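Peer 1: Let the sequences and hints guide you as you build the complete structure.
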Amino acid sequence: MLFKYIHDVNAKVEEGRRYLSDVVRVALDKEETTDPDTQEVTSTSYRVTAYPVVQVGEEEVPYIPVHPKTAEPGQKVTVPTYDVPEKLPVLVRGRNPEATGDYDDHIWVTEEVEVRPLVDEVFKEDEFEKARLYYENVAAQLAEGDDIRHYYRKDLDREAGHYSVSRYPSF
Amino acid sequence: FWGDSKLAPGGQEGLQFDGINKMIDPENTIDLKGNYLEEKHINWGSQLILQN
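Protein chains in written order, with PDB author numbering: chain s, 1 to 171; chain L, 157 to 208.
Don't read these hints as lab results, they were simulated from the structure.
Some clues are possibly wrong.
[Stated by the list, open to error] Some, not all, of what chain s presents toward chain L, calculated at C-beta under 10 Å: (1) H162; (2) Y163; (3) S164; (4) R167.
We put the CB at the ideal spot given by N, CA and C, even for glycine.
Peer 2: The following block contains the structure:
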């Protein structure tokens with residue numbers, strides 16, 4: 001994990017189906033494929049991902065002050081660690097199969113749903129600058145205060161201006 | 157009709173301008189395979205132009 005960004009989303013984002021946690025993690029990582037015999041690598045790729053994460057522990061890190069503050073030579077602060085969960089709850093409207101009257105017919109039920117990544121992109125061994133730009137754009141768009149909305153990549157797209165192929169239904 | 161503008165060595169740039177035979181997109185090509193032009197081929201060309 002070359003880069004790591006922990007962002008705090010607001011209540012409106014936290015209520016979305018894809019965002020079922022109060023903290024979103026954005027990271028860039030490098031992957032390799034090696035032959036089974038030895039460490040002979042065959043290819044290298046960069047992956048950019050965003051995940052809803054949960055707290056699983058704490059760790060000791062150095063303290064980094066900001067301009068209106070001053071720090072001791074060896075001051076340290078504690079920060080939480082995060083890990084990808086498996087299922088997160090959500091409340092939906094439902095009905096009581098064993099209701100007895102008009103006051104306990106409508107209820108709210110809790111259902112657990114599968115967690116999926118928000119972003120998952122793969123870049124080749126070259127074009128590390130493109131992966132870095134994508135990571136920075138995702139982080140900035142999260143910092144804008146809304147959901148992640150833009151996913152368009154020019155490399156993975158159909159040719160524009162090809163009328164004999166774009167006339168088919170897509171709606 | 158037959159101007160070609162990439163006839164310099166290495167295909168860089170010639171002294172001619174591109175003619176009709178080259179500016180036409182290669183997709184809009186009907187090959188008659190050395191036979192006569194008939195009535196249905198006019199409709200074929202009309203369809204090739206209409207779909208664009």
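Peer 1: Would you mind marking each hint as holding or not holding in the structure?
Peer 2: Right, here's what the structure says about each hint:
no.: 1; hint: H162; result: holds, 9 Å
no.: 2; hint: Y163; result: holds, 5 Å
no.: 3; hint: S164; result: holds, 6 Å
no.: 4; hint: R167; result: holds, 7 Å
Against the hints set out earlier in the document, no violation occurs for any number.
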